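For this view, one protein chain was removed and the others were kept in their places.
As written, the chains take the letters A and B, and residue 1 is the first residue of each chain.
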Amino acid sequence: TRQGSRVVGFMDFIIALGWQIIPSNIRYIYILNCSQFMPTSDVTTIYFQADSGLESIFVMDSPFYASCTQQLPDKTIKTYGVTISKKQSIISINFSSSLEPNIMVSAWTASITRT
Amino acid sequence: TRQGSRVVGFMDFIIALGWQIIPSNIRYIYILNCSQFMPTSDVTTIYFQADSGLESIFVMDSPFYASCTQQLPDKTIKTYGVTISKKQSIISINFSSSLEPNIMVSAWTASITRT
Partner (left out) sequence: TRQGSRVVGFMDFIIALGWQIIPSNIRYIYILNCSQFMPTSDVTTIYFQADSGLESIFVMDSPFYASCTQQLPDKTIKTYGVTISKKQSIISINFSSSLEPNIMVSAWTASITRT
C-alpha cells in the first residue's frame, strides 16, 4: 500500500488532500480524499501542481468523480459534483457549479478500481 | 479486522466492492463500499451471487443504505439512494431511481454498527 498527502494553498484558502493506492490480487484501488474546506470566492476550479506521489493515482483515462455539499444560511443544501483530473503535473478539481463563498464544503472521497 | 473485495460484471460494465468487519468489545462495524462506476444502461438494480467474504457483512436485518450521485450533461446533480440487501446468496443493490447511462456514478460507502 502506498499513500501520501498534499496541503494546497489555492488563492487565500487551504484544501487538504490525501491519496492511497491499495493493491490486491483482484484489483488496484486508487483513493483520493479531501477534508472539509472553506472557499473565499465563487470557485469553480481548484488547480495545483502535483508531485510524483499524487500523480501516481491518475492511471485511468477516467477522472475521479465524487460529490460534496454546502449548507446555505436558509438551511437548503447544495450538492456539487467534483471531477478531479490531471494534465501533465497539473491536477484540476472541477465543481459542477460555483461554490458559495465563506461556507464550509463537506469532506469527500473518490475511489477508482482498476481490474 | 477482516476485509475483502469483489469485482462484479453486470451486464456490460463492472462494479468493484470492498467490505470490512471491524470488531471491538464496544461494537462490530460492517463496512461496504463501492468504487465509482459507469453504468451503460438505465439500471435500477445490480444483483449478483455473493462470495463468502461479502456475505459475512450481512449480519443485521436492516439493509445497508448509502447515497451516490451523477452529474448530468447540464451540470445538474442527481442524488440516488443505494439500498444493499441479501436474500440467500444473492446481493441486490437497489438505486432509488434509474441511473443515467454512460455517466459516472460516484463512489459510496455504507456502515452498520452492531452493539
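As a convention for this text, a residue touches a chain if its C-beta (ideal position, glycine included) is under 8 Å from a C-beta of that chain, and two chains touch if they have at least 3 such contacts.
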Full-complex touch with the removed chain, picking from A:44, A:56, A:62 or A:69, is A:69
Check each of A:33, A:44 or A:62 against the chain that is not shown and name the one that touches it.
A:33
Contact residues on subunit A toward the hidden chain run 4-7, 14, 16-18, 33-36, 38, 68-71, 75-77, 79, 104-107, 109
Since one chain has been left out of the picture, which residues of subunit B touch it in the full complex?
24, 26-27, 29, 62, 64-67, 79-81, 83, 96-97, 109-113, 115
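By our rule, only the chains that are shown with their structure count from here on.
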Whole-Å gap separating subunit A and subunit B, where each centre is the average of the chain's CA atoms
21
